[PDB]
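Before any questions on binding or motion, here is one chain by itself as structure tokens, the form deposited in one PDB entry.
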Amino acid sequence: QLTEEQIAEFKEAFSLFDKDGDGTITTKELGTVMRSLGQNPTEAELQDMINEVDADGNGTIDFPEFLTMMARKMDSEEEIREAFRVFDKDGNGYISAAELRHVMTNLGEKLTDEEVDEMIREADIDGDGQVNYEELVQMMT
């Protein structure tokens, strides 16, 4: 299924990034949007974001490349699963809510406590603080 209401929404979404109207998203325009939202990204971050979507390597993002990027779904579930394993010390398939919150809020992108709560509230099964992270891999996919 290749939706059509979605193409419209994506058209509108592309426009917010392509201030020009020249049919192209450049890193400058992408940092313009991010900075307006309160983010201070580095051009290494901006270029990495363009590189992931710029499928023809010409250094910018045109609308069909945008479409591809939005049109993707998530198997990326084994990479996420492997990501969790890096923190499953016991190899049990579990991470303690205390350890989850600790690595989530202090490494990488640094989630907020409420954000982490939503994770814990979503995948506890047993209400004893043992986060079944296969349930998360499953919820996000």
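Positions refer to the first chain, counted from 1. For the two forms, the rigid core is made up of the largest set of C-alpha atoms that agree within 1.5 Å on superposition. What changes on going to the form deposited in another entry:
Candidate set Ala55, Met49, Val116, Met69; criterion, C-alpha shift of 2 Å or more between these two forms after rigid-core fit; matching residue, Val116. Positional change of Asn92 between these two forms reaches 2 Å or more at the C-alpha, relative to the superposed core. A movement of the C-alpha atom of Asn132 reaching 2 angstroms or beyond is seen between these two forms when the two forms are aligned on their rigid core.
The two forms, fitted on the rigid core, differ between these two forms by 2 Å or more at the CA of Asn106.
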Second form
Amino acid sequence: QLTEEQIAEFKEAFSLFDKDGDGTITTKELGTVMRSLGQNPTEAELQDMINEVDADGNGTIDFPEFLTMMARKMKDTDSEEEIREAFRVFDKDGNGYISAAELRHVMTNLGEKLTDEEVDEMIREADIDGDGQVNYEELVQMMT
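Moving from the form deposited in one PDB entry, what structure would you give for the form deposited in another entry?
Just this one chain is shown here; partners and other molecules are left out.
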């Protein structure tokens, strides 16, 4: 059901949110990462994000809780609704296009260590119509 590689990739996502590396995601850490990803959620919006996943109730998300939600979302969310949500993270100004500059910001934000050239290559590979940027449909074709 879950290989070690899938588990470590789910840990890579968990680690981004648990910035102090103590095995727990707090609101403060959830708030910090969500703001770096363009968003700006409400203080209530952060405690019920934490809440919907914190299954034992200690007010915090450990990796077993996280791995349980990710395994369920992987089985429940449809493949198209999946990417739409990711696109909206990339398309930081909501104009319907992911530019190289927008992709660069997410790459640096998620601690990736890519060259400006490599990001350009990433855009090149998904750009199907040649306008130098990535729309929603182009994103789904690469992501699947």
